[PDB]
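Contents: one structure, followed by commentary.
Every protein chain of the complex appears in place save one, which is left out.
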Amino acid sequence: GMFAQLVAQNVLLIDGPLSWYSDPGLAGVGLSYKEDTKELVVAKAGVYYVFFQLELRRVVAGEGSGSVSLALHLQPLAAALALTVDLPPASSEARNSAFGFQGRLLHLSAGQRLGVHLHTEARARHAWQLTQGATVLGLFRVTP
Amino acid sequence: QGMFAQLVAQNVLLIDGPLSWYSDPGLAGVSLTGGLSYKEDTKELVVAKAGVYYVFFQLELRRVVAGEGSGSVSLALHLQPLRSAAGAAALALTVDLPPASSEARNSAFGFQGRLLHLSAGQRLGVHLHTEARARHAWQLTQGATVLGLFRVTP
Partner (left out) sequence: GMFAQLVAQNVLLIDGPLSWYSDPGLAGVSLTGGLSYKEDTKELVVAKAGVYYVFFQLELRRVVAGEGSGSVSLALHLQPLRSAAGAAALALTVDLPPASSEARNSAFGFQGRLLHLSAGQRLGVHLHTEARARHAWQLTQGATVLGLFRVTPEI
């Protein structure tokens, strides 16, 4: 009931909620993630510092332009955390990567279910992807 | 007690000066006091108990008239009254306003976090400075300019 960090399984840019798996870099050490409805549920009530980050890679040279948003929602049914990252159009000496980070203090009641939904608005949507192991959701409590 | 805090600015217009703050309504309704009090007259945020804290603020803008808007806006957190020799801020943040274009976004976001040593009663002020042409074209989006901290020592 102290902290939790997990990584997204998704790679392709498709609108909808992301499935996650526990951070393998944190294995050798009390919040749960239901695999069916892809929700992280908080065990103990408290004020947590919740944060996610998102890195994107361009996979097709010379294609892809738009933006990609990532919203965390108190579930069930604005968003608590909101992160939209820009995808630059392709050119010589243009970036092939993009990143965004955001953290905030959220009050989460005991049993509150969290959900993160990925939205994209981009021409040639297939030209960008989520880098494996780089879009992370984490949180830890600061007040019992 | 946990001794935490988080506020969000009432300011929208890009006008140089200190920001007005109010407590996070999403945290209104927690038992702990939250060791940080916003005094309304001087637009300062005094810290209750001394200690070491992770302090962060974020900034988000929207372009509110299409076509214009170019430059940057900066957020500066100063321990007040100023008692340093360099005059630098304890926390700074600069986000840039992209000019209007086809296939160009109408948002800007920035986030920065550090560890501060704030003594008991220390007053903090957050100042906004813009170096932007046609700055009336962008504003701080409602509820997005946030400042928060929490203590990392008992």
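Going by the order they are written in, the chains are A and B; count residues from 1 in each one.
By our rule, contacts are C-beta pairs under 8 Å (C-beta built on N, C-alpha and C of every residue); 3 or more make two chains touch, one makes a residue touch a chain.
Only one of the listed residues, B:116, B:126 or B:149, touches the absent chain: B:116. The missing chain lies against chain A, touching residues 2-3, 5, 23-29, 51, 53, 93, 95, 97, 99, 101, 103, 134, 136, 138, 140.
Residues of chain B in touch with the missing chain: 52, 54, 70-72, 88, 90, 92-96, 99, 110-117, 119, 133, 152-153.
As a convention for this text, only the chains that are shown with their structure count from here on.
Centre-to-centre, using mean CA coordinates, chain A is 24 Å away from chain B.
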